[PDB]
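A protein chain is absent from this complex, but the other protein chains hold their places.
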Amino acid sequence: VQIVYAXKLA
Amino acid sequence: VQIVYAXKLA
Amino acid sequence: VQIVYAXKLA
Partner (left out) sequence: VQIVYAXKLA
(Lines give C-alpha, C1' and ligand atoms only; values in the text may rest on other atoms or scores of the structure.)
Protein backbone atom coordinates (compact mmCIF):
# COMPACT_ATOMS: atom_id res chain seq x y z
CA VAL A 1 0.00 0.00 0.00
CA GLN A 2 1.07 3.58 -0.79
CA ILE A 3 1.73 5.63 2.37
CA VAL A 4 1.53 9.42 2.57
CA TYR A 5 1.86 11.13 5.87
CA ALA A 6 4.53 14.93 3.88
CA UNK A 7 6.64 9.49 2.96
CA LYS A 8 5.23 1.85 -0.23
CA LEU A 9 4.56 -0.66 2.58
CA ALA A 10 1.97 -3.23 -0.90
CA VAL B 1 -1.32 16.21 7.94
CA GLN B 2 -2.74 14.51 4.83
CA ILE B 3 -3.08 10.72 5.26
CA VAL B 4 -3.11 8.22 2.41
CA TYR B 5 -3.08 4.56 3.14
CA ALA B 6 -6.27 3.54 -0.64
CA UNK B 7 -8.11 7.51 3.33
CA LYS B 8 -6.65 14.87 7.11
CA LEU B 9 -5.41 14.30 10.69
CA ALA B 10 -3.17 18.79 10.18
CA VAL C 1 -8.91 4.73 13.04
CA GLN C 2 -5.84 4.95 15.29
CA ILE C 3 -2.77 6.30 13.43
CA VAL C 4 0.83 5.62 14.43
CA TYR C 5 3.61 6.76 12.23
CA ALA C 6 6.50 8.04 16.17
CA UNK C 7 1.14 10.51 15.95
CA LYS C 8 -7.16 9.27 15.72
CA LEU C 9 -8.51 9.93 12.20
CA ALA C 10 -12.21 6.74 13.47
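General remarks:
Going in written order, the chains are labelled A, B and C, and every chain counts its residues from 1.
The rule is short, and it goes like this: contacts are C-beta pairs under 8 Å (C-beta built on N, C-alpha and C of every residue); 3 or more make two chains touch, one makes a residue touch a chain.
Touching the omitted chain from chain A are residues 1, 3, 7, 9. Although one chain is not displayed, chain C still touches it through residues 1-6. Interface residues of chain B facing the missing partner chain: 5-7.
Here is the rule we use: only the chains that are shown with their structure count from here on.
Per-chain CA centroids place chain A at a distance of 14 Å from chain C. In chain B, the residues that touch at least two other chains are 1, 3.
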